[PDB]
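Undergrad: Go by the hints and put chains H, F, W, V, L and Z with the ligands onto chain Y.
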Amino acid sequence: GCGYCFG
Amino acid sequence: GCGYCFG
Amino acid sequence: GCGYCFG
Amino acid sequence: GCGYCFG
Amino acid sequence: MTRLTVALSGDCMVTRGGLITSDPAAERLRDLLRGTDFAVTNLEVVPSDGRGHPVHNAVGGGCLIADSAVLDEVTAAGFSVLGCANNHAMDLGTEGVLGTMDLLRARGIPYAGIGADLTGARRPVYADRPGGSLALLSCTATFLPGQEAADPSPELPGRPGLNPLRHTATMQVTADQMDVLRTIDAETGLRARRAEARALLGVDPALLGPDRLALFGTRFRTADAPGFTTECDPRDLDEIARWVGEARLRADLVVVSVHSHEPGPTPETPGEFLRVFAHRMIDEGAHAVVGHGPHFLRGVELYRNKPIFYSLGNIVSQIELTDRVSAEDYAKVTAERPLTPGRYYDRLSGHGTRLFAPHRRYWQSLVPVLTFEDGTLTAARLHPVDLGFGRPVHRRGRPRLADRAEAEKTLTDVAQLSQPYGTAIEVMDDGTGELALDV
Amino acid sequence: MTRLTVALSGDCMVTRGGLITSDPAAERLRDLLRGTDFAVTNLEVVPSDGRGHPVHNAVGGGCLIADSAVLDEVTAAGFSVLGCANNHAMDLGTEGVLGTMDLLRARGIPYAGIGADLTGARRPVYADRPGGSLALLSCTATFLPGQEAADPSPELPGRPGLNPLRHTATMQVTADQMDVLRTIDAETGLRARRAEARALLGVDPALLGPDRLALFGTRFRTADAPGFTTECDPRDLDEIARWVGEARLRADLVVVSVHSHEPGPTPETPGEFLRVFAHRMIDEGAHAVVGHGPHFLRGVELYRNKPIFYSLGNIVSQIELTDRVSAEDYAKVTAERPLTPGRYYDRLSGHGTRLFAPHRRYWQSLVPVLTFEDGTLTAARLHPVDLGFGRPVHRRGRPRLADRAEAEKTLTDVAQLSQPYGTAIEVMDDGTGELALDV
Amino acid sequence: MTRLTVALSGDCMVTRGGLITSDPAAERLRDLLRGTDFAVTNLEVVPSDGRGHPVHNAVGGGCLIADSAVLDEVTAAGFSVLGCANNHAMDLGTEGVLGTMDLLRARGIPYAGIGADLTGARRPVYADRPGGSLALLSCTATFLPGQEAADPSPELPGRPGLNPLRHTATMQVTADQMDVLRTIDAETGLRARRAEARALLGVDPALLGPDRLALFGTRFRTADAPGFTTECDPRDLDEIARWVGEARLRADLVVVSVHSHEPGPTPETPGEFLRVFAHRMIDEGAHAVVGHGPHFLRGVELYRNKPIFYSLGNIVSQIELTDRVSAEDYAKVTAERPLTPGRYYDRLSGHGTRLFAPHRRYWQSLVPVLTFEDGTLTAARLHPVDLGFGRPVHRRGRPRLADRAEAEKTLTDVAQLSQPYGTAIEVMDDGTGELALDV
Ligand SMILES: [Ca+2]
Ligand SMILES: [Ca+2]
Ligand SMILES: [Ca+2]
Ligand SMILES: [Ca+2]
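Chains as they are written, first to last, in the deposited numbering: chain Y, 12 to 15, 19 to 21; chain H, 12 to 15, 19 to 21; chain F, 12 to 15, 19 to 21; chain W, 12 to 15, 19 to 21; chain V, 1 to 439; chain L, 1 to 439; chain Z, 1 to 439.
Keep in mind that the hints were calculated from the coordinates and are not lab data.
The calculated label-pair distances, taken between Cβ atoms and stated as ranges, are:
{"#": "1", "chain 1": "Z", "residue 1": "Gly390", "chain 2": "L", "residue 2": "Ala195", "range": "17 to 27 Å"}
{"#": "2", "chain 1": "L", "residue 1": "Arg347", "chain 2": "Z", "residue 2": "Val276", "range": "27 to 37 Å"}
{"#": "3", "chain 1": "Z", "residue 1": "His394", "chain 2": "L", "residue 2": "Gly227", "range": "47 to 57 Å"}
Only some residues are given here: those of chain Z computed to face chain W with a beta carbon under 10 Å:
{"#": "4", "residue": "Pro145"}
{"#": "5", "residue": "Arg194"}
{"#": "6", "residue": "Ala197"}
{"#": "7", "residue": "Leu200"}
No more than 16 Å apart at the CA atoms, straight line, and that leaves these computed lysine to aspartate or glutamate pairs for EDC-like:
{"#": "8", "chain 1": "V", "residue 1": "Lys409", "chain 2": "V", "residue 2": "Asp430"}
{"#": "9", "chain 1": "Z", "residue 1": "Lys332", "chain 2": "L", "residue 2": "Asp151"}
{"#": "10", "chain 1": "V", "residue 1": "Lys409", "chain 2": "V", "residue 2": "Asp429"}
{"#": "11", "chain 1": "L", "residue 1": "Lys332", "chain 2": "Z", "residue 2": "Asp151"}
{"#": "12", "chain 1": "L", "residue 1": "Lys332", "chain 2": "L", "residue 2": "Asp346"}
{"#": "13", "chain 1": "L", "residue 1": "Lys409", "chain 2": "L", "residue 2": "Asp429"}
The beta-carbon is built from N, C-alpha and C at its ideal position, and this holds for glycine as well.
Only chain Y is shown next, with the shape it has when bound in the complex:
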């Protein structure tokens, strides 16, 4: 769930 995110 992030669409267009690491750590």
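TA: Chains H, F, W, V, L and Z with the ligands in isolation, oriented as in the chain Y frame:
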């Protein structure tokens, strides 16, 4: 607290 | 119950 | 998450 | 298509075993209760395995606490849905009422009227059987302030307690009587002791208007003739009615059980607020209203073809047999030596010359058995119950179907108490009866 | 030599007692279930004594939580092996599913499809009886991502959850349609917002090839004609099949229960991935595949002389009678006052004008009773079940054997839904039927 | 009269001890932090003694779990108020976040952003010191759906979780682009698979209007030119702002800490919704907004004389040193033998050729030290922090005050990233700086 209750 | 008390 | 679901 | 029977009863103040004796009239009462689809009673005792602490309930006549084994006496007798909101459910405090809920749930006993918060105490309980379902809601108009349950806030939990039906009393007084009350307030110095509250609140909390007055913790209103009125708390009335409309959607039958000691103009008449409450319950869709509290019978009313039993008295009455008397209860009896429980109750009643023992009205009961067909009342049988007036203290209070002669006397009593409501009764040869219905 | 009977059923969404009413047609359903060697159902509800926290399951239609006493309704009705993998087992989170396992094990109820880790959720459960043994495996293709159970690592424990059957959908689009999608990706600035992911990962995660595309969280593939395909997750398919081959060595009968809401080209057809899955299960040695999810019936297929029931609908449907509605569920209904559960469901369905109530397909069910002799299917009886379409909300959803006229209509429905698979049905005078077998 | 200093920092991803090395530049960072009245950081790791279960967080880069002893590293370094709302606080589920709250409260560490329910996660925490008080609110725009905390209902408890700042993205497309999307929807058969939802809901959930569209789980709107817009969830924005107005009444300083990975048109610009959010916070009375998430620095904005730090990057970065890797995390790396954690991170980054290691922007940080006098910002010092780019994996990620040459480069970066907002910086001889203020 009963105003105007036993048991 | 206070008859005639804040905080 | 169901894409193209009740109960 | 759907045919259901409901047995109703009043206060179940059970403190001992052997609730149903070997008397055939007592065994036939159990057969009657166990033959119905639902059998409701008001659990007027704290069943306990030791959780909680006694509260000061002198107004209620002392603490009413019993071994949790009495719950097996209640169910084996035939009662299957318990109303728990009354002036004794909180006799062991919030921990006690949580202990009661634990005990009832572990025994699989449906109950209503108490909860871990206000919503849980207001909720109906749904008792499901093969033939259909009954919703029981249970509330009480008699309790110590603060014992009502509370709902949670964003920051604090709720408070375990009972489902309340609060009410206010207003004294109607003439204008000259009102002037004397204000004069007493000013001349005694009572008004001077509210000078601080005037500055903090901005106004006198005793001035509700020029013709309204709050003095001595009582409401006074100017009227052309002296009088006395009672009114339900609007929030309790709207909320209980709200839950009745909810229960009517989810059960075949909705029964509202209400505990109320409050007397009307006479001891046998219900408080006016109770009658408004009972009418509202049926207006909202309840099929019956069962009342209790006073320990004697009150009248029966048919309203929109549904019965209101303003008081079914006691179905079990073993107060004087309790083995758990608190220190504050003991202190109400002057004694030159430490007292055992039985001796304490003997001295409290003046060795039986006062309180409930001398009067026969406190030892007659009634078990209505109602028959509904698709929510329509088609029969309302009346079974007089004898609680053993005049028997030794260890025997009286256990219920049995009254014999013919005593049942007829009880049925006469119910008819007379119900006459102001236009209720009529048919009488069987055995002293049992039934309400005359319009259906 | 070995002769075993298995009753199958769909979603058991039980929230109230009295599951089997005094209706003779309902008592005969219990007699039917209790006369079989094994009776399987999909536990589509979280039985709870209070452990866990509600998850946001708006896609699933809200939380489905009930008093743990409903488990005694399930077993007393005759169900004896529970499938638990579905989109509601996790309605109270990981703590809730651990609470369910505790409740089922303490009542001695065999169950499959959930576990403290992924292996425990994938395992078959073995139900042993004097005549033989049945292995039940339970998986679900419908659930919120992350709800699948997880196996432990050398350093971290597993995660309690359900046995998953994941699947991917691919949109087939023409080359000119694909060009427009890439153009929209570039011209909206969507591609620019993946510039960081390009440097970190080394490539665009949206480029899976020049004729493949991942945009808007969806798979696109260039094709000569537009279309839509679904495919099982290869790891879930291989692993479930792996456990079926294991179960076939250790039980007389192996049944795979699969929850799947996903529709095919039409609402009544199963997803293509589900049909590939069901064929694989029988290829690996399963004796039956029982499906559920959509709340209506789907067709029946005979594959290598074993039955596939793509959907048996609901065997119990009491969603609207739940007394445990979460705050996020309440928020889906605009209200100028706090709502009780029943009023919430009335407003959610527009006072019964939408959702499942108006349509009769959601209130017909089917209980197949299969007879196996040494693993060979020798009979497949079909017992139509009526769930009370059009009855009041508190009555509908409880199962009974449909009367002749309604059973015939349901049997016609099953025959029509099964016709694309070449399934034929013999019909009895009472409206029950049985599959035509080649054996 | 009232003079308070606040140190701000970004992501504290600590997994090992010895956070402050014997390097004088690292000891001077601790001296700096311990010399302020309050020192805030974002706890970007689950401290654990073993409670909970790993969630599948592949999108977040894997699980981030560490020995609870790292909390003593955080406090001994000088951090004294923790923001906890981020995409990793829920890495051990609801039980994990309850375990974190237990660990923080037992160590006396003020924290915000997580709670046993939604209100508790939204609340500010009040840190009181002799010179005054600071209120910290903590929210995150990056998290897995369902991880947000939930408030209780009358019947069900809440759900432990994080304080959410949800947001929606809308794709602006031309009318001809919109027509192709609808055509793809119809021609692939995707629209046919919503036929069931049409009957149940009464309308197509994909039709939000004739110029609005919900397809592939994405919002599309017809516009004259293609574009991309983001907007805060109105309920989250109003509720967080509501709590800021509450905190402003009860503390000298109010700081809002917001986690946000979401990129704007370029990786270094914040999402437009984040800028609207930050402006609203100061409009409601916040004294500073500290952002983090992207692991690199973003610009600084002065709005109504209060600073917005859209991203302070990482203050501690020890992801690759974690000793607790979940089974689903291990599965992202193909291996012909079981992997140890360090080897897993080596293979995950391609032995250091991708992910964060090769790029210097991920290893520079900034610690602002703000001075307020009666709520007026009078100084905003900027202390560049070096995280050891190019050092061995076991050494990089620990913070120290950058030397002059590297501090000047970082200060140039901040100035350039802040230039679109009109922010100016004064530069000291040692490479530290401060914002140019209008006060
Ligand atoms: Ca005081
Ligand atoms: Ca009483
Ligand atoms: Ca389902
Ligand atoms: Ca993050």
